[PDB]
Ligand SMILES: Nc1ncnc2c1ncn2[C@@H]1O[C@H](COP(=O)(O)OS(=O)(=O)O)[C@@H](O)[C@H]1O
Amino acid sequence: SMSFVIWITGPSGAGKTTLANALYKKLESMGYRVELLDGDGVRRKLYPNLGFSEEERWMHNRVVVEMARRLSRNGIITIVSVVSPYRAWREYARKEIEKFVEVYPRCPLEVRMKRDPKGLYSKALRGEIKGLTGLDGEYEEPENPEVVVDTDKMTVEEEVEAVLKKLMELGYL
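That one chain, whose sequence was just given, in the form solved without adenosine-5'-phosphosulfate:
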């Protein structure tokens, strides 16, 4: 009766929301109950005035982890899309969630910018993307995630297939 959480982490513009939406539609089409936690949409609903300091982002991540823990332990496949840039935060998520599937959409900064110049500009202008020494400074890459997909080399359909294959191998479906 315990379900699982697909935790999609990666820098802004890597393709997290695109993959999250496609996974949601795929698993719903196979008949499963699924819930999508869009990190930015959760922020807008719960605390739209919260800033983007390290301590504020950590509190937001802890809220998302707890929502995903409660949903998944009641049998709901939960898909999370959050930057979650520090390994320590994702290791906290992993210890809180019994069946944790860490998915890393890996994509060079040059491609991330080319795919959405206006969106990245707007987020950086608002202080949502930090870059005291540059854009690529902050994110800490997962060392052994369940899935890595290179979104500059794969289609979204291939990314979905890679995640599903791993879910099958884990026995989660």
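Numbering follows the first chain given and starts at 1. Take the two forms, find the largest set of C-alpha atoms that superpose within 1.5 Å, and that set is the rigid core. Compared with the form deposited with adenosine-5'-phosphosulfate bound:
Following superposition on the rigid core between these two forms, the residue from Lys123, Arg69, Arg33, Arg106 with a C-alpha displacement of 2 angstroms or more is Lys123, and no other. Here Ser53 does not count as shifted, since its C-alpha moves by less than 2 Å between these two forms after the core is aligned.
Let's see the other form, the form deposited with adenosine-5'-phosphosulfate bound, since the form solved without adenosine-5'-phosphosulfate is already up.
Partners and other molecules omitted; one chain follows.
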């Protein structure tokens, strides 16, 4: 009766939202009920003035964790796509969420700067925003997440299949 949470962490431009949306389309095509919690989407719904200092990011992460916890424990698959740049926060999330599936889209900096349709890295290079996660903002890489995908070497389709494969191995699907 307890479902699972796919927690996709990574720096800006790693491909988190893309993978989250592809997974949603696939799982709902199979007849599953799914909720998407995207960092940018949740911020602009709930607190669009919230900034990106550490305490602010932490409060926002705590909100997303509790949202996933409540949905998951009631049978609802939840897909989270938030930067979540610190190891300690993802360990907190793993403790709050029983069936926790950490997904890390790994992508080199030089590719991430060329995969920036919103222009965050461009703004950052011009000093217009500071501490962008992935450039001058720190990102603590996961050591052994349930799934690592190299978004510079895999297609979105292969990323989806790799997550689904691990989900079946866990017995969650």
